[PDB]
Every structure is written in C-alpha cells, then in structure tokens.
Amino acid sequence: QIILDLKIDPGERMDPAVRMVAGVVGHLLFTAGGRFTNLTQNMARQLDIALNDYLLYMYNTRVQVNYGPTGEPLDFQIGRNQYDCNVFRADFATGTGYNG
Amino acid sequence: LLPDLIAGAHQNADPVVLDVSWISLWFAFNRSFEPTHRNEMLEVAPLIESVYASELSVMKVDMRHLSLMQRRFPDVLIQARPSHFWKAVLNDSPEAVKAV
Amino acid sequence: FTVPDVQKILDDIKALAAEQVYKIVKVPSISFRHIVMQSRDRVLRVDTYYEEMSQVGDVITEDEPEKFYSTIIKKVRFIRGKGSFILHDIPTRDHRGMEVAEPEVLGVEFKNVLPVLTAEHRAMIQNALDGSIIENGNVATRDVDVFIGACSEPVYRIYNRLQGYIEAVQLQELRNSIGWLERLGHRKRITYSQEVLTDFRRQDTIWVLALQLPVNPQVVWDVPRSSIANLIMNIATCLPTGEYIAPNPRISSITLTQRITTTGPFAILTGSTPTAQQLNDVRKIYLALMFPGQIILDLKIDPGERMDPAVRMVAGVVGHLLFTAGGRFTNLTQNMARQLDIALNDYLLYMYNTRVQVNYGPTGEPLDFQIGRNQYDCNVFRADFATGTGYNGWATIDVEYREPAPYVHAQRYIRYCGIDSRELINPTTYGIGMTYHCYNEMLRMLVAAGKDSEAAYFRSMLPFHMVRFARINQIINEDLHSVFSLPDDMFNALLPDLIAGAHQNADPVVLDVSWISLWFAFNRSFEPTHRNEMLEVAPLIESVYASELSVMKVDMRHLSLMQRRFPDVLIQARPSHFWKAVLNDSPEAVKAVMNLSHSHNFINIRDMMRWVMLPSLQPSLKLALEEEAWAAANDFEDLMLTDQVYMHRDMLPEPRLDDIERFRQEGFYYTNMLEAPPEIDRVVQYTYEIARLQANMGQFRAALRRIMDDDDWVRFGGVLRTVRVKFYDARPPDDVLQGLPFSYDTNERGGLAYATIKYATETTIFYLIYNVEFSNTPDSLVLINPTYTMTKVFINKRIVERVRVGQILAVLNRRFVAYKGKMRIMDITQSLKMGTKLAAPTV
Amino acid sequence: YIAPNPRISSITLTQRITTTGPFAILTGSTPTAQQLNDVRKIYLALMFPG
Amino acid sequence: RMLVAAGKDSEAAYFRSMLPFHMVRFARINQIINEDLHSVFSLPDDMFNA
Numbered sequence: 001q002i003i004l005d006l007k008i009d010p011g012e013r014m015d016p017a018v019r020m021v022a023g024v025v026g027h028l029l030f031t032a033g034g035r036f037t038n039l040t041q042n043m044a045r046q047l048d049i050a051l052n053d054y055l056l057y058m059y060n061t062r063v064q065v066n067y068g069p070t071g072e073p074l075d076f077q078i079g080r081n082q083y084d085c086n087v088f089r090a091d092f093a094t095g096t097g098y099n100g
Numbered sequence: 001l002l003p004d005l006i007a008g009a010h011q012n013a014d015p016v017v018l019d020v021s022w023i024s025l026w027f028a029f030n031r032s033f034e035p036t037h038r039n040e041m042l043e044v045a046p047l048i049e050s051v052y053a054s055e056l057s058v059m060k061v062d063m064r065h066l067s068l069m070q071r072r073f074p075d076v077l078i079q080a081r082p083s084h085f086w087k088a089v090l091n092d093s094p095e096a097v098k099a100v
Numbered sequence: 001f002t003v004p005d006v007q008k009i010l011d012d013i014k015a016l017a018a019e020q021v022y023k024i025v026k027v028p029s030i031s032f033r034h035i036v037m038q039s040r041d042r043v044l045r046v047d048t049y050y051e052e053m054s055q056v057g058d059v060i061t062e063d064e065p066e067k068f069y070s071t072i073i074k075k076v077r078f079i080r081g082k083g084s085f086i087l088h089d090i091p092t093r094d095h096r097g098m099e100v101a102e103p104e105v106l107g108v109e110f111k112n113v114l115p116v117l118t119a120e121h122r123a124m125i126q127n128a129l130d131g132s133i134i135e136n137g138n139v140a141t142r143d144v145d146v147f148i149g150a151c152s153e154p155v156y157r158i159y160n161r162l163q164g165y166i167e168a169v170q171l172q173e174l175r176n177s178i179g180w181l182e183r184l185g186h187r188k189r190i191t192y193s194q195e196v197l198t199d200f201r202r203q204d205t206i207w208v209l210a211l212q213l214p215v216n217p218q219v220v221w222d223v224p225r226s227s228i229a230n231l232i233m234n235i236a237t238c239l240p241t242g243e244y245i246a247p248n249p250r251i252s253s254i255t256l257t258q259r260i261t262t263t264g265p266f267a268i269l270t271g272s273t274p275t276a277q278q279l280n281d282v283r284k285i286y287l288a289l290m291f292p293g294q295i296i297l298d299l300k301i302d303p304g305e306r307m308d309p310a311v312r313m314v315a316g317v318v319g320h321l322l323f324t325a326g327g328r329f330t331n332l333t334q335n336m337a338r339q340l341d342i343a344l345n346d347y348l349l350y351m352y353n354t355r356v357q358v359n360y361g362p363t364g365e366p367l368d369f370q371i372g373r374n375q376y377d378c379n380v381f382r383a384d385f386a387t388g389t390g391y392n393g394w395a396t397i398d399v400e401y402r403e404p405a406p407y408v409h410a411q412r413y414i415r416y417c418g419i420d421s422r423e424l425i426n427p428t429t430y431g432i433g434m435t436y437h438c439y440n441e442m443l444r445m446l447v448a449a450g451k452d453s454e455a456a457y458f459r460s461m462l463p464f465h466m467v468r469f470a471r472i473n474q475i476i477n478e479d480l481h482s483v484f485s486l487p488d489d490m491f492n493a494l495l496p497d498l499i500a501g502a503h504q505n506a507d508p509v510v511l512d513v514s515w516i517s518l519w520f521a522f523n524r525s526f527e528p529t530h531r532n533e534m535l536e537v538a539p540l541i542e543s544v545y546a547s548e549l550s551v552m553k554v555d556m557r558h559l560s561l562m563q564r565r566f567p568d569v570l571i572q573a574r575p576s577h578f579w580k581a582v583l584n585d586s587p588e589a590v591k592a593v594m595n596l597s598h599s600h601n602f603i604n605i606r607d608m609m610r611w612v613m614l615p616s617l618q619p620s621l622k623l624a625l626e627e628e629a630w631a632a633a634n635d636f637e638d639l640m641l642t643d644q645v646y647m648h649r650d651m652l653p654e655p656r657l658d659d660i661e662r663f664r665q666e667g668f669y670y671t672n673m674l675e676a677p678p679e680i681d682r683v684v685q686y687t688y689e690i691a692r693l694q695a696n697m698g699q700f701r702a703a704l705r706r707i708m709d710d711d712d713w714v715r716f717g718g719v720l721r722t723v724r725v726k727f728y729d730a731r732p733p734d735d736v737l738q739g740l741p742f743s744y745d746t747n748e749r750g751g752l753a754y755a756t757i758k759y760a761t762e763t764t765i766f767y768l769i770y771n772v773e774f775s776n777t778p779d780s781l782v783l784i785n786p787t788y789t790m791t792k793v794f795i796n797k798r799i800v801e802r803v804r805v806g807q808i809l810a811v812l813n814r815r816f817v818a819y820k821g822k823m824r825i826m827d828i829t830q831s832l833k834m835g836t837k838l839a840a841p842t843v
Numbered sequence: 001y002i003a004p005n006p007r008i009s010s011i012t013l014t015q016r017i018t019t020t021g022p023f024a025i026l027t028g029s030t031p032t033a034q035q036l037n038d039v040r041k042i043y044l045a046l047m048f049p050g
Numbered sequence: 001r002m003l004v005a006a007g008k009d010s011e012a013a014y015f016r017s018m019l020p021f022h023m024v025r026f027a028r029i030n031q032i033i034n035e036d037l038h039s040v041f042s043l044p045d046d047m048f049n050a
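Chains as they are written, first to last, in this note's numbering: chain A, 1 to 100; chain B, 1 to 100; chain C, 1 to 843; chain D, 1 to 50; chain E, 1 to 50.
It should be emphasised that the hints constitute simulated quantities derived from the structure, not laboratory data.
For every residue, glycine included, the Cβ atom is placed at its ideal position computed from N, Cα and C.
Wrong hints could be hidden among the right ones.
Computed Cβ-Cβ distance ranges for the label pairs, DEER-style [said to hold, decoys possible]: (1) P31/D to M307/C: 31 to 39 Å; (2) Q830/C to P31/D: 53 to 61 Å; (3) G131/C to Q11/B: 33 to 41 Å; (4) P366/C to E11/E: 20 to 28 Å; (5) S42/E to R565/C: 42 to 50 Å; (6) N176/C to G21/D: 46 to 54 Å; (7) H84/B to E102/C: 39 to 47 Å; (8) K580/C to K41/D: 35 to 43 Å; (9) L1/B to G806/C: 53 to 61 Å; (10) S93/B to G137/C: 29 to 37 Å.
Below 20 Å or equal to it, Euclidean Cα-Cα: the simulated EDC-like pairs (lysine to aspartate or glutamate) are [what the hints assert, rightly or not]: (11) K8/E to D568/C; (12) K7/A to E536/C; (13) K833/C to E72/A; (14) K8/E to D302/C; (15) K7/A to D19/B; (16) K8/E to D497/C; (17) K837/C to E533/C; (18) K797/C to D47/C; (19) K188/C to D15/A; (20) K451/C to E548/C; (21) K188/C to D84/A; (22) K8/C to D368/C; (23) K451/C to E441/C; (24) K26/C to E135/C; (25) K60/B to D92/B; (26) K833/C to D15/A; (27) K837/C to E12/A; (28) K8/E to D298/C; (29) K300/C to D46/E; (30) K188/C to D91/A; (31) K7/A to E548/C.
Assemble the whole structure, with the sequences as input and the hints as a guide.
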C-alpha cells in the first residue's frame, strides 16, 4: 500500500559512490516481485543502472567482459566462470533480483 | 493491486507514494527495530471500531430512506440533488466520524 | 566558454518557452447579440465576430503589398488567439431530476428582450430552457460533461482541434515522452524525476503539455548551410570544462635524464616552460579531438618566430601518436601529414652510425628505407587517408552501431584505440596493461632505430596516454549526443569530401596551431571536473526551436500562394515582401539563430522554397491551431475584404402608417446589402485606363450621368476594399449617403490642364432602424422628393438576421465539452527542465 | 561605399578560440587621401568600360 | 581550381566566401550602366566597336 520514490535537487552534494552502494542495498533491501509490489518502474530501472555501474567500475587489474545484444543494462557476461548478470534485471511479473 | 499497477488498470485504492533519499537506504540498512513495549490502547482497540461501525450503520440507514422520497415525491423535490440530503444528515451527526 | 550573445539568446529562448497561449474560463466568449426594435416578436440577431474583425487593421492599398501581408498575418493571429480557451468549472442548476445549464454558458445573450415579451413567449422560452441537458460522458476513462451551446464556426473549429490535441496528449504522447526521456537519462548518465506525477490525487487530474517531447532530427537538420551553426551552438550548450594535469616528473627524470653528462632533444624539451599562446593552442588541439572531421588543425609559423630542429623532430614523432586522421574519418589535412612525415624522416637520420645498417629505398619519396636487424620496411608509415596508416586509428574499429540509439539519426559509439565507453574509468590504476597495434609497432621501430630513451619514455606514460583518450572517449560518447550531432549520411561523406577537392557538402571549419603546441598537449591530461549547466534544458530547447521552424515553414507554404489567388492587387510584389512580412512578425530568437549561420554564407528565395517543400514538421499545439486556423481563413470573404461593390441610385422606403400598432409589431429595417450580384448586362467594368481616357476626351461626368439615367451598376476597379459595419437609429450623414466611390480633380498650371482620378479604397456597410411615435400622421415620412442612395455591397454570409420568437434558440447546434468543477488541471511543460548530473568518480 | 561583413574573414567558436583570416595583416589597413583618390579612379574606370 | 591545384586552401575558402559580394557589386554596376546612363553623350556603337 506504500510506494517510495527517489529525490534529486541541486542543493546537495555527495560522493558518487552513494548510488554505487545504493543499488546493492536496494536490491538487498526491498521486494519487487511475487504477488505484490513495493517499487515503481522508474526507480527500479535506476537501481538496475546503479547495480550495473557498480559491477562495471572497478579498481584492481581488469577482468574481461562480453557485452550482450541490447542496450538494456546488465546485458553482459563477466569473469572466469562467465556468470550471467541478466538474471538480476527487475520485472514485476517475474520478480527476480530482490528479497522476494 | 499488483495486476492493477502493472496493467495500468483504474483502481479504487491508490497506493500512497512517498519519497526518500539515496544514502537513507544505506543508513536504514545499518539499523534494527525493537519494540520494547506494546501499544497501550491496543487493550481497548476492538470495541472502539464497534462504536465506529454503529454510527456508520445508523447513517447508512437514513440515507436510504431519504432516497425514498426522491422516488416518492417529485414535486416537493423539484430541485433534488443527492448532496442536499447528504449535507442535511451530515450536519446532525457526531463530529468524530465526520472528522475521521 | 560561450560568447555572451549566445548565452543571452538561449536565455531568451528559454524565456520564450515558458508562456501560455491557452486559457481557462467559466463561460465561453459571447458571439451573438440581440438588438430589440419597437418590434416585440422580431429582433435583429447579430454575430459579433464579424463586426469584431471589422474594426481591426488599417486600409488595404495596392501600393504597399507588405502592409497587406502584415494585416493578413495580424488578422490570422487575431483569430488564432481568439479561441484558445478551455472550459472549466461550468455553472449549472438542478430541476426535473436533471442538471441544466445557465443562459450565460449558452454563449448567447438575449437578456434585453425578456420584459417586452408576452406570457406565451415566456412559457415557450421556459420550456426551451428546460429542454437543454448535460450528458455524463467519458474520455480516456475519465468522466466529463457534454452540453449544447452556440459559437461561430471559425472559433468552433479551433476549439475542436484543441480538444483533439488535449485528447491525444491524454492518450499516448506523455508515456512515450517519459520513456524517451528516461532512455536519455540512462544513456547520458543524467538523473531525472517523476515526483509531480505521484501525488495521492494523481488518478483524477487532467494533464496538459504545451511542447511535444520526441523531436524529429530532420527538422533541425533540414536548415540549409547551417552545419557550422549547429556545431557552434552544440559546443555552446554541451561542451564541459575541466582541468589540466601533468604526470609525476620522476618519469621524465629517469627516462630522458638517466644519463646526466649527455643530453637529447627530448631532454631539452622536457624542461621547457609554456606561455599563454601554447595553452590556447592546447585548448584548440583538444577542441579538434573532441570533434573529428568538422574541426581540422593546420599549422602557422609566425613571421616574428623561428623554429628549432629539436622542436620539429620531436613535433613530428609525437604527432604521429597524438592524432587519428585516417581510415573512415580524418583529423588533419594532407599538408599536416607531409610535414609530420618530413619531421619523421629527419628524426630517423640525425644519429646514423655503424652499428645500424640502413638500406635506402630507391624512390625519391622521403621516409623510404629499411632499418634494424630484421630490416623492417618503414614504407608503411606514409600517411594516406585511404589506409589510415601513420595515425592512431589505423587497423582499429572506430565506428559501430551497437544498440538502437535515443537520437534516431545518430547511432554511433566512437572508440579510439579499442577502448570502450561503457566502463567507468579509475584513472589512478587503469591502463597499466592495455595496448593496440600502432603503439607497439611504434615502440618496435623506435628500438629498431636504437633510441632506447624515447622507448622507455613512451612505455612509461602509456597509461597516461590511454587514460586521457579514455576521458576524451567519455566526453564524446555521453555528453555530446544530441540533435546537433552530425547526421550519419552527412558524416559518411567527409572523407570523400576531403580527398575529392570539391565542396558540394558543407566545408568543415579549419584551425591552426604551432609545433611545440602538440608537445605541450602531449604531457597534459584533461579532466571534466565541472560539466556544463545547460544540459538539463536541451530537449526543451529543441522542441521550442523545432516548433518555431515549423511555424515559419507553414507560413511560407501558404503565403507563397497569395499572388495566384489575387493577381490585380499583388502586381508588383515579390516573395521578399512576405519574407520581410514574417520577419516583422516573429520573435528575435530564431532570427539570431539563423544569423549565426546565414552571416557566413548567402541564401536565396529558391533555397527557402526547397526548404518549405521539405515535409519535415514537428508536432505542437501552436502548429495544430495555426494549421486549422489558416484552413479556416481560406475564404477571404471572412477576411472583411471584397470587390462586390456598386454605385447604384435607389430610394429609401418612406412607409405609410395606416396602422401604427401593426407596423410597430413588425420589425422594419433598411440595409443597402445586396442579396445577389446583378446580371452582367446592367454593370460595366471600369479601370483606371477607361476613366483616364473618359476624362481625356472631356466627356467624363456626362457619361456617368447618362449611364446612371440608364439605371445601371458600376464596379469601380477590381481592387479590394476594407469593409466597415455601422448601426444607427436616425438618418446617416449626407457624406456616407450621397457620397461617390471615386475622386476627380482638374486644375490649371502654366498654360496646361492637369487632371487626376482616384478610386475609393474604403467602403462601409450600415443598418438603419425606423422608430415611430404613436401620435404621428400616416404620411409623416412622406416627402415630395425621395432621397438618393448610391452605395451597394454584396455579401454571401448572413451577417445580420431578423428573427421571430421561437427561431432564436434554433442556433443551439454546437457540441461543447466540459470538465467537472471537482477536477483540477496542471501543466508540467517546464517540468521537462528538471534534472541532476551524475559526476563520474574521479581521483 | 559599403564595407563587407566582418564575419566573412573569421568565425568565433568560444570565448577565447577563434579563427583568423588568411589576409589578417592586410585587413587591418586604412587608406589615405591619395589612396581614396585611387579607389575613386578604379571605380570610375570600372563604371565606363572602354 | 588553380589555387586548389597550387595547394592553397585558406585563400580559396576566403575567395569562395567572397564571391557573392563580388558578383552583386557587378550586378549593380550592370544596372547602373544599362539604366542610369542612357543619354546622347554615351558613345555610339561604331566608336565602341572601333
């Protein structure tokens, strides 16, 4: 029965890492699938972008990435075991990528 | 509600939309909720709404009766509008449920 | 940054974005009025719209067609702004168990005929008032009201069109606008908001948008010879500003001053210090690298300056690495390549010793030899744009079409030396172990020349090199994607454009710098620590700009067809006349925007004609309103100008009052309005030439008196005349009654006779009412000599009508839409501008 | 007598960077009385051919 | 075409920009010659062709 949203305004300044960690905590802290909902589509997409960008920006020596066909975020495979991050995208009918 | 929101169907129950900040998610990640005591008015919770229900019951009843004369008598109700008897009953009524 | 004129004009554009043409009222504009005579059952119904146009503008004359165009545009804008209103919070009452409207919201005023009515008429008008109903209809699954009112057709069509526009906005446009905008937010790394769509009233609120969001790229691109203008305004609105930083000096300390006793050219150029001109030149170089093809660098050597050999050989060997100028695009003209190659051929020969055997090539072309123990063929490093060798993009993928782009005419993702623009860069550690072909081969031939120190230097600052191309990669592939970018087929032609030697295409601008400038560019790196602040308003700017362009396009399309419809009044005219007519009636913003382009290169009328036959137009409310307005304004009869005028003697009626009461019950009025044009046998066409010869012979006035004794009609000229409406209660003045539709003067000067004849340009229509007194004789108005009137004008449209008691309400045939007073209306057009930029992580 | 548009020789791109004319050294020049006389003479020879 | 062949480009660009001014100056001089000067004191075609 309650819907959240994300606020922007120029009056505040932050380290960009807040969103980098915020995508992770959002995917680990809300439920957006099953038989109900807690998110709306736009901020779910924003969290998807945040998690993708956290999985992309890295500081050690580089590992190899293979990008997928479409321009949707998380369309790639990564690393030595070739783990597919495409399962982490959010869809309301399916509900992958959250606590539910 | 979930098919309503995912299909855009017109619904009676609006899910209330709120807004938080980005770093607030990470802060809420590092907290826990502990109710060291329970609400006192819980011990008088049920009977309250019973009184609530009773008042609503009463008003619903005379609402119906008002409609009767709209069918019964057109000439003394030349300017009949449902808001007329709605406000007439809603004036002579306890202010509590009206405030609710 | 920007020159202040462009900043001022873009601020003016944003200001011009934020005004409102539509209106929200409670009762629509009143269109019909009733004049009550001494007649108690017949009144004069007059639609006030006709007289309302009749009092606007100045007289039309054939000598000034530009003023004619200005008046036409003014009247069209008058009718356009006349009906731009939306009904909201409409009053009503309730009886017969049904909600009934108000006589005011009917749009018709007849309050001044009630007290002279009778009992039966009051009963009938009461029943007719009770007749009107309001239906609880629906639109887009939202409840609305339907009722019947009265309005003139030209306003009604614009009202219907705006209803269609708002229905289309409420149906599909805003969702796809939001989706498009969010795709830009994803790609451009810019965050937006939807808070205003998410209150607890969102389900029952009517949305309004003034600007359509998705912008057609061809509408900006079709502007002829505006490529330079698009470029300059792109770099004005999208180019950000960072800072320059050098790497650790211990690098250059250990690589080119490992030996202290000896020295090299690089050892002397690494201790150099710049001046302001070199910083400006490095600015120019980075500007060139942020825009391939359109910006090309050239060379200057100042007359007061002298070059140094160390400077030039270092310049060549470093410029082989700082540019990509081959393959499918280019960066530098051929002269640049020739001097860089000459400097290379000098650098590979200054220290030539026994331990290196070099086989000189037979050709006289410079840089033709083989060097090293492998005896590598150094002939590859010729700079030909066909193969692209000698640059950085040689043997490297640069142009690709990965995913469906937001901006449909720009699909590109430009990747220099194989790096990708999707990974965010950690510049302190990124780039230790990435490489490509040309850099490695350059290292191999540097060692093959025996130059150890330069090899160590370049290998040391390989990460520096590639990370500043990484920053440039970011600044090119996320910020600069907009409708101002170079179109794909347009972009494909630059290499044929450069190598062919012709200029059918737009010629890219050129730029010039110095030799040591590229050295001072090499050992610096750019960082975008502060992005430009006008990014979040760009989509709004395009939608307005595209709207104004489409407005002038449709104005050209219809106004170019004026002369064919009216030959006799636009005889001496030119297309330049309506060109200046619309230049006088447009805001200054688009004029300045086309000033930045058309100042450099010339345009002509056929350029505009081909521009306006281009079918590119951008969806907007103003376009819809104007298009249906000009469609409604096609009949110039509604444009209060006509030629159906006649000078004909008729007699005013002078009635017999046998019964005062019966005559008073009926409504008698006079008008010299003509029901139909007369037969062609009773009228003769007169021009200036026949009148001139008539005066010349000396039988001018006598001919007119004779032909009018013949009781005929005269059509003085085919020149249009302004029309004017009057109402009176008494006799009109003699000037308008007995007046002549022409002018004729003759004087004497110096033994000669002079004569001039004019045709009247101002004509009027008027209505006369007869009021009688009870104690009057039946022959009170009877005169021995009836009066002469000599003005007759014909109009198709029934401007004024005498109406009986019941026929007044037959006008009720307009289907009007209403929104409930418990609704609310907002607009979120300026809400397009909101948004924040996600600064990339930086070290 | 009318001078040409100043924007033909150069165009600006930002606050500091701007193109320069190939004949920039000759563009910044102003005639004398004799040079005005010569300009008049050229236009008169132009205006009557032959 | 000659200056393009001569490797000279910026001068060619300046002239290609300059051309319309040149030809409209000559268009106006054509108007002056053919319209303004029609008088008996103009040279007849015999002398002009001789």
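**Q.** Broken hints, by number
**A.** 7, 11, 13, 20, 21, 22, 26, 29, 30 and 31
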